[PDB]
Structure formats: structure tokens, C-alpha cells
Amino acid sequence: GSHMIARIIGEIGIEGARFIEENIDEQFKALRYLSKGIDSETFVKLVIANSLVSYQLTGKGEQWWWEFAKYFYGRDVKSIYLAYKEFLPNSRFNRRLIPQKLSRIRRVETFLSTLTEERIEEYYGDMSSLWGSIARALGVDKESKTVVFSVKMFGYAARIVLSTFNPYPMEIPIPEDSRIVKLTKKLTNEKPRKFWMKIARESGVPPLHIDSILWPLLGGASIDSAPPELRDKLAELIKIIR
């Protein structure tokens, strides 16, 4: 039921989500690697551009983000659009819908050019603004999957380069996609957006932090490195969702 899931997620806490994000999450590892090989502004711009083409992949997400990170390390990037025009058609893990994806990057390039270091700090302090602003530049609904996850991925990148932590806003949801629809169906007949926003609000853990916890646990990532109390609560969530 929602109440038991929210209770356990509340005990895991933002602290538990942050532990998984920073120690286990392979997209965070990929971003940390790239953050050492390119300047911080370009790094964040590339992370957002990459999120916006991270749909309908031909590989798992963790394979794709590592491909991205290793490709761009050390590169001299000027136009993000020109860089993706070379990168995407030769990638292994993102071969579908490339013309459409490239046009999204072309459309967002002007907005990306506003991301000075200071503007990045301002958005990390107000990620709801970033969320709305990315959507506005693309002419789309901010509720959409790739706009939400571009904020999530921006949050990882900013945390690394600014060496400080702000939690994701409570108002940014886990958005619908096939995998959250499938998981949620196992647990409830409620629609996912409403279900997970209720759990987020009851637990005190914003939805995007809940997203960090769900997928490693479902995919069998080991929780053994967590200290004993957190480990127990992670193990309790695995019993509910797997």
C-alpha cells in the first residue's frame, strides 16, 4: 500500500537516496568521470543535451551514459549541436530517431548558451525554474519524461561541479514511461504520477530522489555497502518492489 512504501522510503530518507546516487548509480559514475575531462560549463550543457536525446535507446541507460562520458572526455566542444551531429550517428547505444533527436539539440542550443557558471548555480538553487525553462525552450510540456530527467541529470552534474547539495524539488514528479508504468502496476491500480507524488509527499523524499532508489534496487545492485541500519531499510524496500 502507499502508506507502507512511504514509511520505508521516509526511513531511507534523502540521506539513503543520496548514498545510492553517489556510490551506486552508474549514471553518476559516468558523469563524475566526464567532469574531470572537460570544463564545468560545457559539462553541464552536454549533460542536459544528452538527457534530451536519452529516449528510445538502443542500449541500457548505464551503457549509454558511459558511452557519452567516454566519448566527450578531453574533447574540444564548441557547438553542442555540431558535436552531437558527429557523435550520435556513430554511437552504439543511441541509434534510433536520430534526426528528430538532433533537431531537439538544435532547438535547445540557445538556451544551453545561457548556462554560465553563475547561471548554473542559480538553477541548482531553483531547479523548478530550470524545469520550466527547459520545457519553454523546447516548446513542450515540462511533465514530459526527458525534460524531467534533464533536470535530474543537471542535478547530478551541478552537485559534482559545485561541490554542494540541494535536494530535488518535491514538485518535480516521477514522469510516466513504460518502466514506471510496469512497476507501479505491480503495486497498485493508481496511476503512477499521482501514486509516487503521494508517496513522495508522505515520506518527505522528493520524487526524483525516489527514482534514484528504485532502479538499482530492482536491477539487483548490491546494498551490502550501506551501513547496517540503512541496509535494513533498503532490504525492506526490495521486499516491496521486486
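What we label the rigid core is the largest C-alpha set whose atoms superpose within 1.5 Å from one form to the other. Numbering follows the first chain given and starts at 1. First, how it differs from the form deposited in another entry.
- Of the residues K36, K186, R179, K70, exactly one exceeds or equals a 2 Å C-alpha shift between the two forms once the rigid core is aligned, and that residue is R179.
The form deposited in another entry is what I need now, so please give it after the form deposited in one PDB entry.
Here we give the lone chain, stripped of any partners or molecules.
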């Protein structure tokens, strides 16, 4: 029932997506932790690099992002490529496809070097521009696996270092990972990005914010940390998605 889903998503709204992002989502929690142990510019660069290698993991996303945050806390990172050349083969949760993953980091090194504090601010105010800068640095389609995710994670990191919140653009689609694809197959025969773009347009909640609502809940995150009115909306959503 796409209409019912859009209604509940719209009731949750940007404010509800933001509450979930900032209080429930373990990937955000991992980022906030890392931000206390490394400088803001290096933090953002690392988040983008990490996102672009966050596929075909040897663990769940929550475990992987916590491993990343703990690994880099307090480290003196002089080259992001060399840091990942050391990190990935010693990691618990990202041991596979290392050559391909390192080649992606190599391709974005020059782009990452442009991320001064001001450039980060500018990209947070125009995430559609960031999306293309990342995709073109890699030389891949804007919609290929991890690219949209890297914009999502940038938005978490930028919120943390800039202390301000800019909603994601409506035009950036959801990430099509296992959790979202599996949920979507239970709801519809439509392809996930098309189904969720319709719900985004009907609700006015951008797809990346819908993803932020859904992804932690699909991982079994509790909703009892939400304030009462939001908790009731999330309970309604859980009936649909779990």
C-alpha cells in the first residue's frame, strides 16, 4: 500500500528522519565517535572514502562503520590511500575485493584533497554537486553501488562537523542494498528506486531521508528512544516493514 506508506512517512517527516539519524542510527553514532578523535576535514574525507568501499563486506554495515570509527580514532592519517592499504587487509569486516576497493580510493584522492572546511560547507549546501564530483572522480555512473551512499554518509559527517542540518535533495534516489531490496520485494513487484521515489514525492520526504528512517529499523533498532508522538508513528511503520 504505497499510499499508506507515504502517509506514515510523511507524518514522520524530516524531523522524524532527523531524530532517527541523530539518535538511533548506529552509523551516525560511529561517525560522531570518530569526529571526537580526528580533525574535521580528515574525518569527512575518511567518511567518503569508507563509503566508496562499503560493499561486499565481511560483516554488517553497523559493525563495519564501528570498526572504521574505532580504527581511525586518534590516528595520524597522512595518506588516505595508504591508510586503507593498511586497514582493509587487517580488518574484520571488509576483507574481500581489496584491490578493487583500493583502486576506488586512489581515483578519488585528488577530489578528497579539495575538501577544505569551506569546500565541505559548499558541498553540504549543494549535495547534488557533490554527487557528481564523486561520481566523476571515480568515473562511474552516479547511481552505481555506493555512490549515493557516499552522499548520504557525507551528509551525516557534514552535519556533525558544521553543526547544521541541510536536508538531502529529493532527486538523489535511495541506496539499493540488501535490506532495502528485500523489504521492497515484500511490499511490491516494482524496482526499489522507482517505488521509493514515488513514496518520496507523495510524502515530500527525500529518498535518502526515507532510507535513514528504514535502514536502522530494518536492522532491528529499537524505537523506544523516540519521543512519544514520534514513537507512535514509528510503531505504525514497523507494522508495515517488519
